[PDB]
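Visitor: Listed below, chain by chain, are the residues.
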Amino acid sequence: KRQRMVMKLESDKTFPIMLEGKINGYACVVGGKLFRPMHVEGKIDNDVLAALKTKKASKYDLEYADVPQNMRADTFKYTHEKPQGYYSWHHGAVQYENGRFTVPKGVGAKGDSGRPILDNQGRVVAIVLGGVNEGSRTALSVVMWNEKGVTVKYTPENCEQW
Amino acid sequence: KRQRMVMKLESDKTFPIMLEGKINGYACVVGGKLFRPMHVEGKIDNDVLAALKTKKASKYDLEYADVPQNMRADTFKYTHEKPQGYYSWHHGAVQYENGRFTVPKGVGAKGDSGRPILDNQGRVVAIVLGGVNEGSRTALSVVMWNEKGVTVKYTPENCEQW
Amino acid sequence: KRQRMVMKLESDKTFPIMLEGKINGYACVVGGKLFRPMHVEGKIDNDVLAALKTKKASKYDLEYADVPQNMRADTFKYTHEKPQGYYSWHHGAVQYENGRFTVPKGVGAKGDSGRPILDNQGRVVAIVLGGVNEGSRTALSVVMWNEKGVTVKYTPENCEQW
Amino acid sequence: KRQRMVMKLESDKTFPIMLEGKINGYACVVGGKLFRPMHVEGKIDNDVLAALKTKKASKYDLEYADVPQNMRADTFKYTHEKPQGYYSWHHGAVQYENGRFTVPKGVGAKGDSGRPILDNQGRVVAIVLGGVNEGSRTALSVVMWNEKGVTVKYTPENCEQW
Amino acid sequence: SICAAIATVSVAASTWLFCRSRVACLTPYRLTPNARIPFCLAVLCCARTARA
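Protein chains in written order, with the numbering used here: chain X, 5 to 166; chain V, 5 to 166; chain S, 5 to 166; chain A, 5 to 166; chain G, 54 to 105.
Chain X with its partners taken away, still in its complex shape:
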């Protein structure tokens, strides 16, 4: 499964945020428009996408920009059906329970911001922005969207920017 998830993430145009040769984060295109975590500095690893001017949203520490329709051709597919269970992402599985996403300890660190969370159908359900040490596991700070289109950010108390 993880192999297929990585293949889908690579085939879909996704590009890390390069600064001085160091990967400081990741950015992706979902729903035909680029998003980028504001706290991560640097430029997307795509000259064509870098040409797009972004807008800031301090409340969520996220940026967004318009993507040309021809490049909107193949982007992430979002869904609002988020039942309890387990999902898949770049560094393995993620447990969804009580409305929160959690992964085993040692998974995720500074520089992983921007990795989406995929369902069994390969549809995006959340975007990972950070996390906090949770003993045997760690809880990720993510943003998810309901069927009504409301942006909800779940942030654990004293969450670290990962």
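Treat the hints as calculated values from the structure; they're not laboratory data. Ideal Cβ positions, reconstructed from N, Cα and C, are used throughout, including at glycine. Please note: incorrect hints may appear among the correct ones.
Unchecked claim - Distance windows between CB atoms, simulated:
no. : chain 1 : residue 1 : chain 2 : residue 2 : range
1   : S       : 15        : X       : 51        : 40 to 46 Å
2   : A       : 164       : S       : 8         : 32 to 38 Å
3   : G       : 104       : X       : 60        : 53 to 59 Å
Take the given structure of chain X and dock chains V, S, A and G to it, following the hints.
Guide: For chains V, S, A and G alone, kept in the frame of chain X given last:
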């Protein structure tokens, strides 16, 4: 042939123009003095060569500088004999016809400025500065020099800086 | 022997001084505090060590900084017993005679500043800062410390910063 | 060796400091008089020895008391010959270098205060009072006595009471 | 004013000499790998030197 061309380009001191870890172009030494495309920003990948002060030539968007004789020891050999036919360069072959250089489509892009064009004897006949989409092929904007020493720049209408 | 010397230098935390992707020198931690040649520009290849503020010493063209005790755990071991004979360093052996260190010609060049000199027990006896062409050999400009704690810099006449 | 060291420590009258059923430290008799770390609270695991009134020494955080001659019959043997090398104690070996005792990381913790350091002849050379994290090893804060009878306490900066 | 200017120049020269002496003293007070230099401060006593 392309293998030998790459070997000759590497053995001869040639250095890309590095800026923030990104290759934005190339520069070479021909006739014992360094040349650099003015539109490309950054510094040559050679501290000793970077110490040389360049002079600007807006008309051709090119720069030049004096190279020490000891470093003039091994530079590109230029020739004025430019008959019609095919030549070789870093990304393969180039067709010369009607006084213009053309290569198949998909060959050459932003960041290739500075790559010279070599003959069967390994002598430089032109310097590639840009290009423009030409359907099944693309036409490169190049500068060539006649036996009388006249600098002539061939620029297709609405040519893009490649 | 050289294999063991390289293994000891690598296992002990040593980091080259990176500038624009180029190795311009080396820096190491001896006696639990970092030292860096002042003439070499750039930052240590360690974010944690780069956080340490250095102090300048123009007289010897060297810098120093305090290292956290937890990182002082494993540093170079210095000794004052410097008898005549041969020692080992990164680029092979070094001859010590008349109070001066000399190595065969062709060993050492610009960018090697900071390489320590080790004895048979793996203890540091000197730090290489430069050198000068000495015919069949070359003499390195080094700093060594006596049992009384006196810093002595041996600099050949017209020595070049290597 | 460690087996013999433990056998010698057990045969010689040594008793942990019990408080509410918890071992909070250790105390021993050397040179015919009992010593106890002042920071450790509780009573010696010996009713006869507990009957002895102790005197305080704030400077070293240590206590001492007179032991009856009949019980002075068999106590620790102290020596002033402390050459560099390795010694043995309850939790294994200890490295002595530069006048300081160091042991590998993970050896020693809160409650080990009072464990003496023995030489190859089973003679006491130092008493362990605390320690501090030193990366791959840890440095113990100990007290040692020279042939002139001077009490010297070596305490690393920001040493923790172990 | 002439006397004041001369005194100011003298003070500046003394300060410069003190700074150069401090630099010269700090020259052996560099890393000198031991992370411990009590004895140079105890001998030279240039300024802010050995507590004992």
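Visitor: Next step is simple, just say for each hint if it's right about the structure.
Guide: Do the hints match the structure? See the list:
For the pair residue 15 of chain S and residue 51 of chain X, the beta carbons lie near 41 Å from each other, so the given range of 40 to 46 Å is met. One distance hint, 32 to 38 Å for the beta-carbon pair residue 164 of chain A and residue 8 of chain S, holds here, with the actual separation near 36 Å. Restraint check, residue 104 of chain G to residue 60 of chain X: a C-beta distance of roughly 54 Å satisfies the suggested window 53 to 59 Å.
Checked against the numbered hints above, the structure violates none of them.
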